[PDB]
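**Student:** As a plain string of letters, each chain reads:
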Amino acid sequence: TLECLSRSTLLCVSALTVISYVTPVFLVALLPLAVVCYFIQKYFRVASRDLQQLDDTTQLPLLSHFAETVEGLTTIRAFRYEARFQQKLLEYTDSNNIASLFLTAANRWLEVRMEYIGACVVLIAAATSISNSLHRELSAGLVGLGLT
Amino acid sequence: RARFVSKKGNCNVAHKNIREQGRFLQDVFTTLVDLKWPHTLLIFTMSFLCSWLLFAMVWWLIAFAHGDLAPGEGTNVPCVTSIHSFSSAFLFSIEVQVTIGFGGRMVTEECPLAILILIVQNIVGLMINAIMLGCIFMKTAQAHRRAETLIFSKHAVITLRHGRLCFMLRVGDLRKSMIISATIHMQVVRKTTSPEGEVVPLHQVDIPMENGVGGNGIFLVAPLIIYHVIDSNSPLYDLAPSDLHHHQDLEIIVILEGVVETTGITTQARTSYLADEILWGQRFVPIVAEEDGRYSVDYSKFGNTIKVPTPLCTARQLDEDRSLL
Amino acid sequence: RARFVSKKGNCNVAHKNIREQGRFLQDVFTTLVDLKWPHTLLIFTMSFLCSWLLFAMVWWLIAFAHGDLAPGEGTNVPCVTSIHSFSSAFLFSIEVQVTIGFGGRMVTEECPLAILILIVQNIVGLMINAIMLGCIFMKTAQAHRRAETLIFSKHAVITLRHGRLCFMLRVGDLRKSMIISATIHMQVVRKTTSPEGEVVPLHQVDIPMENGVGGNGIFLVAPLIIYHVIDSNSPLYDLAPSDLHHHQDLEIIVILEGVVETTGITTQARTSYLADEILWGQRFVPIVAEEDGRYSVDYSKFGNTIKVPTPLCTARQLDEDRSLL
Amino acid sequence: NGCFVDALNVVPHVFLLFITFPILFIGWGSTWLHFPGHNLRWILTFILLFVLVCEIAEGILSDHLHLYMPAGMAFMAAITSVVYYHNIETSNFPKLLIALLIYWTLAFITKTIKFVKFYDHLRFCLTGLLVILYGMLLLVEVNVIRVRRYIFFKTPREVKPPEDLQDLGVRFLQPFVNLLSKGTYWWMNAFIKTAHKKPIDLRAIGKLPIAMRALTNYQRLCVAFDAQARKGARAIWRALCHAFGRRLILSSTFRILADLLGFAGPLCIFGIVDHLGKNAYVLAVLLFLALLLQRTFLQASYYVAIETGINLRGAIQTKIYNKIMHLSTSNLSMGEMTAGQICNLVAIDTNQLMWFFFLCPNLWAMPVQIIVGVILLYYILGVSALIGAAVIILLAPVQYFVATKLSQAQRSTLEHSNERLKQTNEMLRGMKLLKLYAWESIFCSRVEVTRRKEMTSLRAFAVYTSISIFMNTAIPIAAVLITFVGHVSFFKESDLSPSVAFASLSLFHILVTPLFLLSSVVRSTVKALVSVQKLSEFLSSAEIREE
Ligand SMILES: Nc1ncnc2c1ncn2[C@@H]1O[C@H](COP(=O)(O)OP(=O)(O)O)[C@@H](O)[C@H]1O
Ligand SMILES: Nc1ncnc2c1ncn2[C@@H]1O[C@H](COP(=O)(O)OP(=O)(O)O)[C@@H](O)[C@H]1O
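Protein chains in written order, with my numbering: chain A, 1 to 148; chain B, 1001 to 1325; chain C, 2001 to 2325; chain D, 3001 to 3547.
Next comes chain A alone, as it looks inside the complex:
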């Protein structure tokens, strides 16, 4: 994970630097992208922290219950309370599942809006390219770098 993160951040740096070099005008369209992305990341951060905390606080009691059922076997199978204990475990596992599901759903939502942000940036990067680097800049080699 650490190495993939480093590779991806260096790729992002390279791409931003290349696009800035090919079209010195793009620095007028980068700050709104950064601002909107920053605000949405800030909004996602608190909800993500809350969902992770709730995930942990529901995941602990399920494993406590598992251990206690495993050790105190004879008593539970003596009372013949097995229906009650299975119902209890069903309750706990359903709560665990919903917590995990909401965490991953928030993850997916942030990813989707980030991909829309990336679509915006690549779109208007290519648009400013096809416009400026052809009409007024008249440069050929920079187009390939920019779009790639």
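Simulated from the structure, these hints should not be mistaken for laboratory data.
C-beta atoms are modelled at their ideal positions from N, C-alpha and C, and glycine is treated no differently.
Treat the hints with care, as some may be off.
[What the hints assert, rightly or not] Calculated pairs, SDA-like style, for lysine to any residue (alpha carbon to alpha carbon, straight line, at most 25 Å): (1) D:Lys-3323 to A:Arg-80; (2) D:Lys-3319 to A:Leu-33; (3) D:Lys-3182 to D:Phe-3172.
[As the list claims (entries may be wrong)] Across the chosen pairs, the derived CB separations fall in these ranges: (4) C:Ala-2014 to D:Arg-3411: 55 to 61 Å; (5) D:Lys-3207 to A:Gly-141: 58 to 64 Å; (6) B:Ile-1265 to D:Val-3159: 47 to 53 Å.
Dock chains B, C and D with the ligands against the given chain A, drawing on the hints supplied.
**Tutor:** Relative to the frame of chain A, chains B, C and D with the ligands by itself:
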């Protein structure tokens, strides 16, 4: 057998030997409003087109009669300038009637007869426009759709509350809009024979709605079971539990009156319960439930019913047993 | 915990499992009136512009189709004289629709299709004008701003009057306009369990408004504390003073009904008081004061309250002590 | 009379846009009812959006306002049809549907007239597809009236909106929303906005849907397990793959479509560069649309994979908890049914099976991806394909051998860590007696020796992964260099226009990304294999004997 007033609220009794001559065009002016929006739009466009065609015909006739319709240059001025055929005549009629006034065809100061036909055309048009506006506004003001939402459980039950036999029946609202000062007039009909040898074919008697210290009205927010307790003084106190299901003919009607908020009109809902409809010794399922942070009402259990181990006996014999126990 | 009806007067109970198909365009004709004056003006201009543009488009189309839009001299007469582009077509549409009739561009008696489009344009315009006038007048007639002024002190108190425990709660007017025949329906809700094993989730019961010989109504000029005395027959007579503050769930609602003067509609105000809202053993400060030559009412002391050395005990135990003293 | 037919087409869009505004403004001023063809309707509406973009492109190429207005009007007409269908999904009516049906019929008529007048004499295709799409939406509307109550006899016999996902008390609605929203998780908006206003709680978050409860997953899983038994470690694996089924397959199909579009992007780059060297803005718009579409479908695939994984976790958790009941204490006395061993089972197998079931749809698209990559790069390289082909064929077998040498270390790693955990368990529950007469050095040296063996396994794994990354970078760069040098001067004699160069670099990067990933995938793959072997040996413990 025959019912007194139907479940939907409409009346069942059909009148015979009515007199004559009722509704001399005023109740027809209101029966017109009563008709459904499509039929009312149809009759409105019908009236308008009828008047338009009538006056178009008379204008074509007068232009033909003066000779101005005969195409000729000089020795005359047409009473209505630039009129050629029936089409332009109808165009002039719709131009002067609905008050658009194109002015391509001009009525002139040569013929006073055209002046008279115009001076009657305009006033009749204004009068028909005024009635057709007032009537559509009057029709618009009502709200029947808001009125027909009153709901009463299909069958009513009896139970034993506070050691006394009681009548339980559900009412309720179906929209956000409330109903102000809703009162209950609970009545019972029966073919009765007086001790003086007089037989009445149907006898309405008020059975009380048991509320607080007094009051004939209630307050409707959630489905509230109307709670009455039959006592030795009540007229319904004499019947038996095994004879009601099949043979007897007893109609218990409720009349819930109340004024709606937005319109301010006083509507009501009337419903009947027959001898074969009502049943014995049961209990409704609790509707309201403590939800997340509110009260949840489930209308699926509205007409649901559970068995209750309650004694089955007649109200007179039940009162005698209460005197004995 | 959950409340029955909110302080502002709106209802809190949320319905579930409602049926279907209610409000088949008539309740939408009234929900339109309900919307705020800005939204209603927006939708009115929207409807008008929609119809105008629709018929302008169809007129430009028909003038294009006949070939009269193709600029040519002779061999034809345009169905609408002097029509050149879409701009003049829209001008003709607004000239014939809203019935101004400039008459610079004249519809002729050569094309009956233009006659038909005009004869439908005018009737649809008249119908939409009639509905948009009736609806704005109907909306105008109401007065909600006059309705929402009812005020009830935030918390109600209990005191000892005439040797009996009593309920004191302030009401009042906020405008010069009076309210005719205002009646009080004072009710209490509670989750009750009958002796027959029946548990109700909420139980409305009428607690009387204690006035003269009779009467369910009052007269509102100045803030008048509604005066009720709980007795052994009252449903509220059984509670305790130390258990109401925190644990118990008792909602005491008041429903003040009455018809306003100028409009004649019957409005009402509903408010709730919880177990944690109501307090014990206090007295309101006298509002009215003998001014220079009138009576001055100070609304700053409306919700103010002073301590009173009154005994604190349950109403059942208080009645037992009254039997002992 | 071309302009005449253009106007005749403009008319019905205007009619619909004018009737939509009163109703839309009343509606703009909690039971979801769905109709058959809903998803088909939204799919067709997106196809309409695309074809309308193409029509606008044609209108730009030709220009004459009245000649390209029909596209700009059908655009708002389709968006307003979407608004109508949202207003009908939220509250059902028999009349709004007829209001749509009228417009569909009239638009079909106008398009037919256009087609005839064209036949008598690029436009043809765009127009033909338009007519076909209008016709299919018409058939959908006819199906809808055939179903419940457009005019049909008296009562709809209407469904009674679904209580499974509409039951009071539910917060999570993925299955209970509209076609277009599921991709974006628009429903989440409220929730994420709410969370900031008030902290989140378990009573805040809802319950689980009808089709999400662990009871039904356990039910399905046991039914499949029984069917498999009537026909061991392999059997339960077959049962798992069977049970998730169609959802898992769908996740794979979404990923494959996303992959084909992801390859499509670089082709648009090639076209843009070629026109820059010399039908270009269309390339930008189409490229933007393609990128957006790939992102949407990739995220949907990830979501459905996660769904399948969480359901797997729930089902196997409840299955092993039910089986713990019938387990006999004579197994509990043995090391195989150690309590610490069973809790390690639950926790780490939840983890490993969930991670493998998130990464399995990702690898069920690597083969199709690489195949399409090479079939695309042939048409771009030409006779210079041999070098890249030899490179990406020389990559595979050495990678297979490296992965084998990796898995062998990883399995022994797991065995050693599993014994270390039990040594720690028996070390911590007796720290009192341990510190009492100070036997610490012995147990600490034993755990240190176990840690050293585990570290040997880990260092073997790490050296092998380093060699893997070295290869996965060195072979690619050599490939690019060789191919380009070969084309320019070695044989081809056709000057590589920069478009070819950059498109090759793009496709090549797309090919490179999966290879780096598969090395990490093996780490979860052998772990899933080991976890299932352990789970099957745990299920094979001694039963309790019924009287
Ligand atoms: N869930 C509901 N929501 C609104 N109205 C209802 C509902 N169920 C029934 N109604 C109406 O109110 C009346 C209540 O009767 P009901 O309890 O349904 O007994 P039944 O099922 O035999 O008709 C019915 O006549 C029906 O028209
Ligand atoms: N001076 C006033 N004039 C008019 N209305 C008032 C005045 N004071 C309060 N009200 C309204 O009437 C109600 C009386 O409650 P109040 O006596 O003010 O207790 P509190 O101060 O705790 O709100 C309040 O809800 C308020 O909206």
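**Student:** Run every hint past the structure and note whether it holds.
**Tutor:** Evaluation of the provided hints:
{"no.": "1", "hint": "D:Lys-3323 to A:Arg-80", "in the structure": "holds, 15 Å"}
{"no.": "2", "hint": "D:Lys-3319 to A:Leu-33", "in the structure": "violated, 49 Å"}
{"no.": "3", "hint": "D:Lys-3182 to D:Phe-3172", "in the structure": "holds, 12 Å"}
{"no.": "4", "hint": "C:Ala-2014 to D:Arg-3411: 55 to 61 Å", "in the structure": "holds, 58 Å"}
{"no.": "5", "hint": "D:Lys-3207 to A:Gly-141: 58 to 64 Å", "in the structure": "holds, 59 Å"}
{"no.": "6", "hint": "B:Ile-1265 to D:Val-3159: 47 to 53 Å", "in the structure": "violated, 36 Å"}
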